[PDB]
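Below you will find one chain, with nothing else, as structure tokens; this is the form solved without guanosine-5'-monophosphate (5GP), and questions on how it binds or moves follow later.
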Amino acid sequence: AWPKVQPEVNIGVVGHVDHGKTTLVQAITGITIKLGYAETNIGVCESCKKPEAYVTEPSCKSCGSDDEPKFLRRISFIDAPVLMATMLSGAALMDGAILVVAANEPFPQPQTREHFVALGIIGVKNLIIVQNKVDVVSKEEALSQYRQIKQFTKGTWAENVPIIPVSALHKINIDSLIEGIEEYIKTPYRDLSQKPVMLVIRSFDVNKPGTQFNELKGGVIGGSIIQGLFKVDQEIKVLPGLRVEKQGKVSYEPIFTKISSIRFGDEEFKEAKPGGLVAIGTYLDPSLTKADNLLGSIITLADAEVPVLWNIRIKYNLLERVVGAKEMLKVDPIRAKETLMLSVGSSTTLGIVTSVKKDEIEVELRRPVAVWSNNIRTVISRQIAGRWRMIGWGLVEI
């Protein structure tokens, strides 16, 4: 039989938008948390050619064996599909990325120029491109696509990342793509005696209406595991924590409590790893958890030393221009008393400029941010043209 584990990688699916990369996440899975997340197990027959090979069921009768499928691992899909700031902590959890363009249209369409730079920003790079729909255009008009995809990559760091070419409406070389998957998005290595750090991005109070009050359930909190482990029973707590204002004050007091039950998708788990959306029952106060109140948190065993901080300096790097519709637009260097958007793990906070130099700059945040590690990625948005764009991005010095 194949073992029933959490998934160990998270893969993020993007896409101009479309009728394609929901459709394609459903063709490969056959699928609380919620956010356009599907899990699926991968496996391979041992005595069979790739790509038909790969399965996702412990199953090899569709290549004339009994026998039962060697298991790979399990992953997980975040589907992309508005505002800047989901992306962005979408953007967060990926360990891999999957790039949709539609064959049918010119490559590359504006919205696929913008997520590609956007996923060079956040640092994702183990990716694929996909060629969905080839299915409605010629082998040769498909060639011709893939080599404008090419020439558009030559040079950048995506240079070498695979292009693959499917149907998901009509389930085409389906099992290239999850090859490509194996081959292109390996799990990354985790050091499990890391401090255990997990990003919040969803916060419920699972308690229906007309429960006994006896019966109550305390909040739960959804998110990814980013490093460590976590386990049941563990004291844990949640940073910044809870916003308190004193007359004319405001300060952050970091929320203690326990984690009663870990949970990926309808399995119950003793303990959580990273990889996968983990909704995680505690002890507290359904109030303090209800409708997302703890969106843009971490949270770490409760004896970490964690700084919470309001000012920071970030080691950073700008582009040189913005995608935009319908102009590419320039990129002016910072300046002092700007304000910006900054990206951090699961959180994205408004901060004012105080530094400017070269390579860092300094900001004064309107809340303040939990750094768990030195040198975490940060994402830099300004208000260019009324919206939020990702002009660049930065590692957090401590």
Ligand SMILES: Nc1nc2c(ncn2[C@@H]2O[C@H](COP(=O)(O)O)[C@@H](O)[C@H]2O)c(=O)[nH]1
The other form holds:
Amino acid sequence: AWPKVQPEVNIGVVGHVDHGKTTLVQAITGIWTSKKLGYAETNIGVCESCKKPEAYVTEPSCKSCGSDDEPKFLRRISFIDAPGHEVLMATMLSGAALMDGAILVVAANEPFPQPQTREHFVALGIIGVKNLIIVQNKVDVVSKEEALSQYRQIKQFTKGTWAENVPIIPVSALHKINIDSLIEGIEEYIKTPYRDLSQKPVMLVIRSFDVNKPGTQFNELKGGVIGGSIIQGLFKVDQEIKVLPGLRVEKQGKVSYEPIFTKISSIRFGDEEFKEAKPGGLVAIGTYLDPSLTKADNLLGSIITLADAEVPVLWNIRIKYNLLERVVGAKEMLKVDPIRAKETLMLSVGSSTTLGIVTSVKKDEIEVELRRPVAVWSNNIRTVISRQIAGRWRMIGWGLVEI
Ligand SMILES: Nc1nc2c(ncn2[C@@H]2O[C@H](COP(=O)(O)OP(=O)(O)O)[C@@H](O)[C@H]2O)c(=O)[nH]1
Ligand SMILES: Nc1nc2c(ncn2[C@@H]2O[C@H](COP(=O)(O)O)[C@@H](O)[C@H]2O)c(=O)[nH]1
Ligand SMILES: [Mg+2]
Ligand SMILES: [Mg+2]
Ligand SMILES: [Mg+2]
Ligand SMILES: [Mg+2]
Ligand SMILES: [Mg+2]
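Could you switch over to the form solved in complex with guanosine-5'-monophosphate (5GP), since the one displayed so far is the form solved without guanosine-5'-monophosphate (5GP)?
The next block holds the full complex; its first chain is the one shown before.
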């Protein structure tokens, strides 16, 4: 049979709203994710007797190509499908911190390139998720020649760009057409990255919940669960951990943050239990925390490390920054203005997003006073910078958080 193992790689699914991201994930995994960020897993195998791409399978069966032989197991993979709506760009940025590679979904029956087609694309480039496949979705609704016409636009768009040789794979997610070619492309272009498991364990938090059913007996109350993805190193059951920045405290008009210390009581990927958690997949860390602390994604944006790790938790940061020429996600083309002092910016760092006031601007560096602190677990940490333009937070640049 096939091993029951954790997913070993995270594939983002991004692109403009309604282009078919969620349907594409369902086409691949059989799972419909109504949750955003959405999440789903599948095993991937190959029938070694049969010809490709239909040799690739997402279940342990080669019936569809003749064999009663079991297909060779290749790996378990995970999809993170980001929301496409322009107002949800911050959520796309959080999710991108979790991605090892991405699929950019482009609807074949809409004029390319749409605003979030562009914004998601450049966001991926900035944060370095460059193992990209471009998927031309909804080909079922246009003629071959119309699809090809857009194909050459996509090629024109990526030319002269880091994505110049990114593959473009046409499919119908809704009617499940040419999905085998996408799976073959996933194996070819989105390899599982090398993981240095000696690095200090860091997990980025995107969810937290109280898993207790209603009216549950108080002696019966399970501890809080925290969901996210392990970004480096690995965690084990019964490891002493902390959540950073942690818990916000009133005290009584002056707000501060206190690290939350706890212990890993259980580890879970999907519905399977494990003893360890490594990079790849969305992990649910069980803890001894009061469920009231982890209710309703309360800890989104936090990180988790071992209890004794040294981690700066900063209310002021220095960023070595670069601005985009123009505001890519806007409908109307707009040039980005230089950072000005005393202007509030939105910073995405890991899975967190937080507002700050610019206290210093230089050609290559800004300093900002944060409304809430961020945990900075490493020296070269990419941040994405957004400005409120048009009543809406728009990506305008990026930087390195300098410590
Ligand atoms: N005709 C056709 N419709 C599709 C395809 N994929 C998605 N859709 C439809 O497009 C709409 C938006 O799909 P959805 O996956 O929710 O888009 P998302 O916002 O990017 O996640 C839904 O009505 C889908 O049924 C496709 O391959 N062909
Ligand atoms: N590690 C761990 N995860 C749990 C436990 N109970 C629920 N989860 C996880 O928490 C999430 C929400 O579960 P639900 O509240 O829908 O039952 C799921 O990802 C599930 O796997 C648990 O006892 N230990
Ligand atoms: Mg969706
Ligand atoms: Mg499957
Ligand atoms: Mg197949
Ligand atoms: Mg990555
Ligand atoms: Mg067609």
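Positions refer to the first chain, counted from 1. In this text, the rigid core denotes the largest set of C-alpha atoms whose superposition between the two forms falls within 1.5 Å.
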- Task: Please name the single residue among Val161, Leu199, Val306, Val137 whose Cα shifts by at least 2 Å between the two forms after core superposition.
- Result: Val137
- Item | Core-aligned CA displacement of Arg190 at least 2 Å between the two forms | no
- With the core lined up, does the C-alpha of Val371 move 2 Å or more between the two forms? no
- Using a rigid core alignment, state whether the CA of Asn104 is displaced by 2 Å or more between the two forms. yes
